[PDB]
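A short write-up of the structure that comes next.
A single protein chain has been omitted from the complex, and every remaining protein chain is retained in its original position.
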Amino acid sequence: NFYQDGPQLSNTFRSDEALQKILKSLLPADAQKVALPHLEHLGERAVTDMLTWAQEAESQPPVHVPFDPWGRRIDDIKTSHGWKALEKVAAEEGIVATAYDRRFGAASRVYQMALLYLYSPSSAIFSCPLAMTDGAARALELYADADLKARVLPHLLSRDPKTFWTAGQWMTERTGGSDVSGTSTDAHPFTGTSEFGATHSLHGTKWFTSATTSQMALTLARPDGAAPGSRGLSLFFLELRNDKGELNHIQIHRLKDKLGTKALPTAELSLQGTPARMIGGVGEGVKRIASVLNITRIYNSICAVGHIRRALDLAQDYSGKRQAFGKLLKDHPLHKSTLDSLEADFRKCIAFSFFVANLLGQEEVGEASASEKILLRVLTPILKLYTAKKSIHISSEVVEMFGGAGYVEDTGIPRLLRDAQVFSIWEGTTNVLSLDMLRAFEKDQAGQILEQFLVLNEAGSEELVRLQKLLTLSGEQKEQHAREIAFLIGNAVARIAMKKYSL
Amino acid sequence: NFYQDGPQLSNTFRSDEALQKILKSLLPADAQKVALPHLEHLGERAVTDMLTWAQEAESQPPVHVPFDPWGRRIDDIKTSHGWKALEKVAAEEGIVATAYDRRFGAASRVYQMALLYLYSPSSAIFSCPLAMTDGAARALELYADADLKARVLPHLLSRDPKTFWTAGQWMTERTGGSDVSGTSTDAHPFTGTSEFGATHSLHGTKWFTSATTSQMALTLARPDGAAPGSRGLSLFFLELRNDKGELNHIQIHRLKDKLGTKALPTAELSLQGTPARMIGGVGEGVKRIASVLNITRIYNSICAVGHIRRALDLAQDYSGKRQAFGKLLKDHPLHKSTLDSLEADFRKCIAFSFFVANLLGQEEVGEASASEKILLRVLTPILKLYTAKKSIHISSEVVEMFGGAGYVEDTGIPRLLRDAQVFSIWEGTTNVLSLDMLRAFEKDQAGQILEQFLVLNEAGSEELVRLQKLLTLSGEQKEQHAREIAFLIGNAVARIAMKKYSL
Amino acid sequence: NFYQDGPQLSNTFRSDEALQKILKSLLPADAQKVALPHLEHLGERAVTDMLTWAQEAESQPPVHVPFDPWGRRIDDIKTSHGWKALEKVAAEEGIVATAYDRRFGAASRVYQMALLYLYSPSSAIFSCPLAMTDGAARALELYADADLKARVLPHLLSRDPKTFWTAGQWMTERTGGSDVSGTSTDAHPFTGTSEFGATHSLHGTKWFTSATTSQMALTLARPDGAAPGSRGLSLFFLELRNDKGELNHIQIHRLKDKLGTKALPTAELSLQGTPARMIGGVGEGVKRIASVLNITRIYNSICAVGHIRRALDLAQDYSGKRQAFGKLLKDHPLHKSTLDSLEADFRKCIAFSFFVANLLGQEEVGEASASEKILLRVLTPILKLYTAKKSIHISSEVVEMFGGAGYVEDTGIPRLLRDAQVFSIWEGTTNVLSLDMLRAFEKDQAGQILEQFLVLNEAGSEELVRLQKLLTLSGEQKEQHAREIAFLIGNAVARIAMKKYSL
Partner (left out) sequence: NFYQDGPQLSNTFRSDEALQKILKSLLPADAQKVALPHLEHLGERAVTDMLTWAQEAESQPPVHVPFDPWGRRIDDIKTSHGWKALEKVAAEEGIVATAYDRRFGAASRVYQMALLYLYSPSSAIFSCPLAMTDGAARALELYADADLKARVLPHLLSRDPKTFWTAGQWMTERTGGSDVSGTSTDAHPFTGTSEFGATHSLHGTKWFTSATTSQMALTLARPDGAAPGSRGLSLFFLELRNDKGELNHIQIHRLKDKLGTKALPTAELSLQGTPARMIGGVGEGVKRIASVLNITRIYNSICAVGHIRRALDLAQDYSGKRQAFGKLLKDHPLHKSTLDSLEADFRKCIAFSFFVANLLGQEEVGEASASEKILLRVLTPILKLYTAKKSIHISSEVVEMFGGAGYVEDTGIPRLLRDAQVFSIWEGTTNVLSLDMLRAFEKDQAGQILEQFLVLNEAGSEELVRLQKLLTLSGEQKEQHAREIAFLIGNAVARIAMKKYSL
C-alpha cells in the first residue's frame, strides 16, 4: 500500500546558490570562464557516477591480505572498483592539481577548493588522501632539492590517472598524535641503491596511516645522533614500493575498524629499514611539516562544509516528500525553523571557508600582506575546529530529521553522523587547535592584528565585545576559555565573509 | 615499547557521588536499608559480569533465521548467551518489578529508577525491552480486565527468569511513528481459540518492533467499520506465541541494520490474522497508550543519563592515564575545563531525571497533588528531549577526547556516539516532544502551573524573563520557539533540582 | 626463505591433446575452419579474463535483498561484476547459440559442446544457467506456438549481451525432485494482461531454482480439476518480470547456502499468481520436459569432464614444481602412476562425452537412424552418472595430491571437491539415472539395440559377459544391480569411443 519516497540529489553546482555567489565574488572573469563549466560538470558527476562509486566503496570496505596462499608476505590491501574509480576522478578533474596551476593568481586555490567542495561529499573520503597529497606537493615545492621535485611533483600534480600519485602523511605513533615529540622512529644512515636518493633507513611503528595505496609518504624520524623530543626530529620522504611493486621493508599490521570513513584504508604499520630521504636539516622536521598541516586543515574544513551541504540537501529534499499530521515536514513551522537554523550555520561555514581559501591562495602566489599572512595563520586552526563541530551538529540533527529511518544504515543516513565525527579529530582535536590559536596570538602581534581586522570590518558585532573581554584575561584563564574565544572569532569572521560575498 | 593503558571502570554505585546525594534526599530510612546494599551490589555487576555479557551481545548481533533447513517458516532470532544473561539479570535484580512494590510510596519508583540507572549502561540496551515491559504493566494495571491482569502481571513483574516476560509496544507503521493516525492495521472480529480471551484478529504491518524478544505486545488497530484517523483506533493486547512456541500468525520480514543499539533485535513484521484482545473501548487507543509513552520516556531519560555517566567515567579514567606534552590530560587546563563542563551537564541531567522520577512515584501511589500531576505531565517530554540532546553532545565530546582511538571500534568508544543518537529519536524526536509540551500547556492551565512552580522555586533571572515572554507568543510563533522554550524550562528545573539535592 | 610456487594454467585448447584429437575426428574441414580458431581464442580467455571473473564471483557470492530501505518488497539478488561479465561471455562467444546454427550438421552441436567444455571450468558454474537456457530453447523449438517461439528464441539464442536471456527450469518442490508427481503448484485460468499470452496463474512453491538470474522459466503445474500425480501435470512457460522490471507475483524466500557452486544463486521461491502459458496439452508436462532433461544431462557431463580437466591441469603443473625427498613429484613412480590413472579416467570420460554429443547433434539435425536415437536415449543418463562419479573421485584425489595446501581454501583447491559433488546430484542422482536407464531398456527393444552395439564394436570380454548375464535378471534383481550395469556400459562405450578417436 503506502511506501515513503526517499531523498534524491540534484546537480550540486546548480543547487548551491551560496557557492555560486562566493565564486562570483572571488573568481575574476577569466577564471570563471574556465571554472564555472568545469564545476557544473563536476556537480553532475557528484550525483551520478561518483555517487554510485562512493556507495560501492562504502559497501565494500578495504581488506588486508597479509599472506598469499603459499606463505609469501604480500600485505595486499583489496579495494573496490569504485574506490579505484574515485582516485581516477581526482586526477582527471584536477582536484589537487588545479591549485598548483596558478594562472588565476590567488583565485587558482579558490577554484581548486571549489572543486574539492563538490568532489569530497561524493568521494567516500578519498578527499583525505588528496589533502595529504596537496600538503606533500607544497612541502616538496618549498623545501626539496630540484631532483626530488623533478621526480615526484609531476606525479602528485598529474591529471593522468596512469601517472597520478597520492601521498601519505605519517606523523602519529602510539605515544601520541597531537604531540609528536615522543616519536620513536629511528633513522640510520643509509648507503645503497635507491631510485630517489635515499639517505637513511627508518625503523619504527606508525600508528594511523593511509596504508599502501599511496606511492609516497612524508614522515618524522630521529637520526642516530639527534636530541630527544621535537628538535631531534627531521622530515623524511619515502616511497612505499620498489620497481617490481614490492613494499620497501614496510609491514602492515592490520587495518583499523573505524566508526566511519569505512572506505578509506587506515593502517598500523612498521618501518623495518625503509629507505628514506631527509628533507631540510636535522632538527627542522616539526616546523617544516607545519606547512603540510595548514593545507590539510583547510581541506578538512572544506570537506566538512561539503559534508554539511550534502546532509542538508538530503534533509531538504526529504522535507518536501514526508508528511506528518496532514502537512509536509517543510510546512511545519518548528521543522522549517530547525532547517533554517542549520542552513544559516552552513552559510557561515561556507563563507568562512572560502574567505580562508582566498587567504591561502594569496600567500601561495606571494601577494598576501603581512596582515593577511598573520590572519591566515590565526584563522586556519579556527576554521578547522569551527566547521568540524558544525558538521557534527548538523549531521546529528539531519539524522534525527529522518526519524527512525535516520537510524537505519541501508537508508544511507547514519553514515552522515559516523563520517562527520572524524572531522573534529583528524589533523587536530578542538582543544589542540584552540591552543594552536592561542599560540598564534603570541607571535607577530597577531592578537592585535586580528583585533584591528575585526574593528575595521565590523566593530559593532556582539562577538567582538565579548571577545575583547576574554582576551584581557590571564594566560591560564585564556586557555580555559580557548574554545569560546575560537568560536567568537569564527562567528565574527563568518559574518564579515558573508557580507563580503552577499550571502 | 610504549603501550597506552586503556580506560577501566569501578563499581558504579560507589563511584557516583551525585546518585548517592540524590538517594540520600529522596529515599527514606527504611528504603535506604534495602536499596543501598542492592544498588552497591548492582554497581559491582555493572562493571563485572554484566559488562562482559554486554560486550558479547554487541559483538554477536542478533540474526534472523526465517526458515529451518526443511522449509518450515520459523522466524527464529538467534541471540548471544550474553543477551540472554542480561535478560535474566533484569528479572532477578527486579529492574522493573521494584517500582510495583510500592511499600516505599513515591520512593519505590525512585529506587527502581536508580536500579535502571546502574543497569542500563551495562545492558547493551536490554533496558529498551524493560521500558516497554514496565509501560505494559502500568497499562494493564490501569485498564485491563481482572482475568487479563491475573494472567499477565505475574509474568511482567516476576523476579524469576523462568517466568519473566517482556513486552513490545508496536505503534510505528510505514506511514508514521510520530503520527499514528495513518495506522492501517485492521482488527476483524475473531471467534477462534486463544489462551487469553482474544476478541479480534489483526492484519497489518508494524514497521519498527522488538521482534520476537517479547512474549506479549500492546499495539493499535482499527476495528471493522471504525472511523478514520486516530479516532478509530483501539488498544490491543496480544501474545506472540502459542502453547507449542509457534508464532501466532506473525511473520518477521527482517531485522534492521542500525547505527547503534546493535545487540537489540529491531524487526519489521506482518500481523497476518494475529489474535488480539481489545483493551478499553473503540476510539480510546491513543489515549490509553499514553501511559506506556510516559513511562518509556522517563526510562529513556534515565538510560540517557546513565549513558552520559558511562561516557564520562571512561573519559575521567583515561584522563588520569593518558599523557600529552609532559602532563596527564586531567592536568591540562583546557582539557579539565572541558571535562568540568560535561560533568556540570551531567549533574543537571541526573537531578532533573530523579526529580521527575519522584513525581512519577508520587502519582503511582496516589500521593501527588493535582498540580504535581500536571507538572509530571508537562516535564516528562521535556526531560526526555533534554537529556537525549545532552547525551549525544557529551558522547561526541568523549569520542573526541580519546582522539584517534576514540574513532576506532575495538576500543569500545565509538559505540558511545552510535548508541547515544538513538535517545533523541525513539519514543519521540526533539520537535515532536517539544510540540507535546506545547499541547500539554493548553490543557488545565498547565502552562500557568508550570510558571508558578518556576517562580516560587527560583529567583528572578534573564532566562526566566525570556521564558515568560516566549510563553505569551502566537500559536505559530510558540511552535517556532518550541525548542527554546523546552530547554529554558529544562535548565530551570535542573537548577531547582540540583539545589534541592545539594549537587 | 623458501616459498612454494603454486599451480598455473596455460591456454586450455592448446594444452588439451585429447580434445584436439576428438575434434579432428568429429569436425569436418569446413567446421574446423571456424571452430579451431574460436576454441583457441576461448582457451585463452579461460585462463585470463574469465579466470579472474570466476574468482571474483566465487569470492563475492550472491546476496538476497528482499526489501528496499523504505519497505518495498524488491527481492533483488546482488551479484559481482565478475558474474555479470561471465554471462556476457556466454552470449558473445555463443556458448549456447553455436548448437542451433546447424550448418555443420551433427558437428554444430559437437562444436558447441567443445565451447562449453572450455568455458564451464572458468565460469564459476554459469554453465548451469546455460544448460537450462539451451534446454528451454529446444523445448520451445519442439513444442511452442509460432508467436511464443518468435518472441523468446531470439533472446535465448542471441549473441548480444543486451538481448540475451537465460532460462530457469523449476521442477523441484519440497515433496520431491526425483519424483515430481507430488507437484503441488496449481494453475488457475487467467484472464489478465501479459506480454506473452499467459493462460494461467501459478500458485505454489519451487524449492530449488536459479532465482531471478533468468528472464524466463519452464515449470510444471496442475491445472484446476486435473488428475492427481504426474498425469495431471502440464508444462508452463513464464517470464519473471514485467515491463517495469518488477517480479510477476514471485517472492524469493532466501538463497541456499551450498556446499559449492557458491557463485550461483539458488533460491527457494513462491509463485503467488504468476502468469504463465501452457505449452502442449494437459497431462503432457513430464514427457515434454524430458527434452530439457536430456540436454541438461549432457551439459552436466561435459561440465563434469571440463572440471576433471581443470583439476588435472592444476595437479600436473604442481607435480612439475613441488619437490619431495629430492625429486619433483612427477618423478616419484607412485605419484606418476596415480596421475596416469586419473588421466586414463579423464580420457574415458571425454571420449564418452563427445561420442554422446555427436549422437545428440545427429538427432537434432534429423540425421540419426532409429537405432542411434535409441542409443542416445539410453546413453544420456549413463554418461551423466558415469562422468559425475569420476569427477568427484578425481577431484578428491587432486585435493589430496596438494597435501595440506589442498585442504586450505585460499589455494583454490578445496573448491574442486566442493563443486564436483554437485555433479552427481542435480538433474538426477546416480540411482535415479540408473533407474532411468533401466526404464529406457524396456521401451522399443532398447536393451537389445544397446547390446548389439557393444558386440559389434568391441571384442569379447569378461566385462561383456558379466553385462549380458546381468541384463537377463529379474525386475528387482536388475534394480539391485542397476549401478553395476550402468558402469559396465559406460566403461564399454568409453573404450569404443577412445578407439574411434585414437585416444
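Going by the order they are written in, the chains are A, B and C; count residues from 1 in each one.
Here is the rule we go by: contacts are C-beta pairs under 8 Å (C-beta built on N, C-alpha and C of every residue); 3 or more make two chains touch, one makes a residue touch a chain.
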Which candidate, C:42, C:293 or C:392, sits in contact with the chain we can't see?
C:392
Among C:253, C:335 or C:347, choose the residue that contacts the chain missing from this document, as touch is defined above.
C:335
Touching the absent chain in the whole complex: find that residue among C:133, C:166 or C:172.
C:172
Option touching the unshown chain, where C:52, C:480 or C:502 are the choices
C:480
From C:291, C:421 or C:457, residue that would touch the chain that is not displayed
C:421
Residue list for subunit C contacting the dropped chain reads 1-4, 172, 174-179, 181-182, 184, 207-208, 256-260, 324-325, 332-338, 392, 396, 399-401, 403-404, 406-410, 414, 417-418, 421-422, 424-426, 429-431, 434-435, 476, 479-483
Using the document's contact rule, name the residues of subunit A that touch the chain not shown here.
66-67, 70-71, 174, 205, 207, 253-254, 268
If the missing chain were put back, which residues of subunit B would it touch?
3-6, 69-72, 81, 405, 408, 410-412
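One rule holds for everything that comes next: only the chains that are shown with their structure count from here on.
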Taking the mean of the C-alpha atoms as each chain's centre, how many Å separate subunit B from subunit C?
58
Subunit A to subunit B: how many Å between their CA centres?
38
Residues touching two or more other chains, restricted to subunit C: which are they?
70-71
